[PDB]
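Take a look at this single chain, the form deposited in one PDB entry, given in structure tokens.
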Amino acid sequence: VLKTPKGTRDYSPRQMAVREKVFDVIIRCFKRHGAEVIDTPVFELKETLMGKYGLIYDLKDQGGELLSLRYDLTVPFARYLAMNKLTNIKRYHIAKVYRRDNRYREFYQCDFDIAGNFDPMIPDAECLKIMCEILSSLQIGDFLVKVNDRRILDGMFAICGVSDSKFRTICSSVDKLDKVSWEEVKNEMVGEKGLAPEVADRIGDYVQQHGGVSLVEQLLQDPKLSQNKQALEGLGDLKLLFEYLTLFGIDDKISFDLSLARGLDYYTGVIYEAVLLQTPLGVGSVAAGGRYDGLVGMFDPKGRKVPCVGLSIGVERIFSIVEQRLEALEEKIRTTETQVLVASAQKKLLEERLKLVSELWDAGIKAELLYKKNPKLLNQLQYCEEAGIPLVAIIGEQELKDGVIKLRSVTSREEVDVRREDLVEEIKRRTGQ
């Protein structure tokens, strides 16, 4: 019966160590952009989640409110904003979400969002900048951020002749163009979904193109698209976006891709998705986001609109990559931060070690000793070697009388005598405070 629920896994000490290094990079970035932080309960009223999703963990009806586990951090955010009658906020939220999909049922989401009425595209641009800072800093190899706008999509599908009835499914097909070829995608829309091959080929004339600001300029000249009001504003915003990206120094990491069509329940403005590269060959997505201006309005009692743009870093995939990067380097990932083991080779010294280890703790030094009265020096050394503990402070009967400690570097094997009074400052010096 010993088992974690399907789709969940524990984080082992080593996995926690990597998670800490990855979160530390991400949080340091969020904080650099003046983000506040909040937290919200792991479950919300079922009502709060109902009427938002077209796969949600519900809690047993036990005689109170009907409750559900958060499927994401964005809805809780909207509920939070509305509940506190906030009109603007810049926040990050790092927490687990829950989905009965098919470690994929419980996993971390890492969100940053900017809510408020501001001038066009400036916050949207900062979101892309934040993506890029983070992905670069993690050093998970090269990447590329795909960008599109919801209104460009709507307009493109309007003038190509896609019905409102098939709009939703056709986007699902187009959105596959990242992994698969246009030939497959075309054949699906036509063969499986009953889309006219005339419409399919027209969509193709747009959907197959990608590039930088150059493509935004071309489509602003497109005779058919120009005459669609929505596509035109969307393109105007992207043109603006590219200007700001250039100033942020990251226009070379951005690809305007008209096949990007996801999260169409939420997104009203830009849509983006970061993808890892090979060698530009897409190897998988590691972040996503966009502008969703209708969500908060759905919660505010007076339906007051609060624009929002934001991003989700896909940390689960990043945990794997970083873990494997570390493994391939023979770099032993430490699961503890102990700086020194207090040891002795002789017997009858437990009380002396207890006294020393405690002095070290008092000075704020990270120390341990074996829970054994007369451990063998070899066993203590082996313990340090496996744990990556860099120093061993060896206490002996004579050395105590002399007021010295034998300090041995575990890896270099070099041993030096240190005055007891100098021991605390000497350990700090060897580790870096």
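Only the largest set of C-alpha atoms that superpose within 1.5 Å between the two forms is called the rigid core. Positions refer to the first chain, counted from 1. What changes on going to the form deposited in another entry:
- Put simply, after the core is superposed between these two forms, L329 is the one residue in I122, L329, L247, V180 with a Cα shift of at least 2 angstroms.
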Contents of the next structure:
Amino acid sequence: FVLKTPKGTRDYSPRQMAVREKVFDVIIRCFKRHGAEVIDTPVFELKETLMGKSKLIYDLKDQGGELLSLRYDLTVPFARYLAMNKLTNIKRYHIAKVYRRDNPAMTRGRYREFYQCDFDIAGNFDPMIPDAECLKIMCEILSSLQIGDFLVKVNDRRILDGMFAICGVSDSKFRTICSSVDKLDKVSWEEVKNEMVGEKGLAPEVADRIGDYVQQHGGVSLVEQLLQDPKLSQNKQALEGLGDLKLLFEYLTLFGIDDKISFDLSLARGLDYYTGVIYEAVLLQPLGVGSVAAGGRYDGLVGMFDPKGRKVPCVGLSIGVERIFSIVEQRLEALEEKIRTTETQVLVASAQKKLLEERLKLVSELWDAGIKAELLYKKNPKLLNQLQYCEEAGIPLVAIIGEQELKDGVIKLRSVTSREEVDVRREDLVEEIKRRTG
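If the structure you just shared is the form deposited in one PDB entry, then what does the corresponding form deposited in another entry look like?
Just the single chain follows, nothing else.
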């Protein structure tokens, strides 16, 4: 028996926490900027609640009591929360860890316990305003994180259904074909066409029509082009999706995030789940380095719990904080710069021995002034040792107490980086420290 974190789980070191706090602050400042509420659900539900949901779910031991399970997803707790509280409309964000028992590849992003970061608007509202807002929120956060240039792919579920029927895929092969088409971002169309015809028996005359549609990406001008398409115009659901899309593009143009959006018909994810617009956010090297965010409209899923069977229309977005965390730390790592694990702005030190009690008095005053102060728990620490500690922790200043300095009543402040000393009056010292550090 080795002491280890469970297979698939990880601790978070102070540096990692600092990185995770830095990004969570940006994302939540944006969520609050859009006037969202926040909720929290327990880490486990009753099993009854999750059965019928891929059954890679951790389950607690019976232990006499009724069976329970760690949440594998945020939304089913969301639906339970809305049905339990008799609400059909709410705007909120939930940030919390989820638990799926799957093989974990550390090199790969996969981990058994990982953060999920969701923002949702639920309710019957005029069409597309909430969706446009969701898109704006995605671009705000990714732009603010400064992790390079991003682009957002959007599509619609209805267009996929209509385009696939008109092109000529059967209904039960349709999900499999979609799984193939979605890889066009990471692979080539000759390759997914070979995969489709060869591995899944789809006719080449149906694959080479799906090709003429899916290899097509652009802006609003492509929704107009496809509105003009004779075959597509005939299809009703394709018509619905395109109409919603034309409207969405207009709202984004008002938002000013129009340039960073791309209509792309290759995109096909979460079909079981999404009923309207589907969007994915990816980093740019015009080549995507990975998928950083996702969003969708899922009217069907939220209302499952209600006895009546009423559907609560919902639109939302999920942010891949776990890639964002790694990318941010590596950027720091590439620089090779040390990351502050503490916010201490001053350290109290005395060169001379026997001044420990006085320092304690000084440190307390700083604490009661709301200053982030520290001191070494040694009766007579050496000045050199104290300074090294400051350099390592990134502490900007050192406050030195000396018998000579004390008589004057002044306190000597030395900048660690510049190694320059100034003598300050005790009353002023607090304000001097404040001026020095925000």
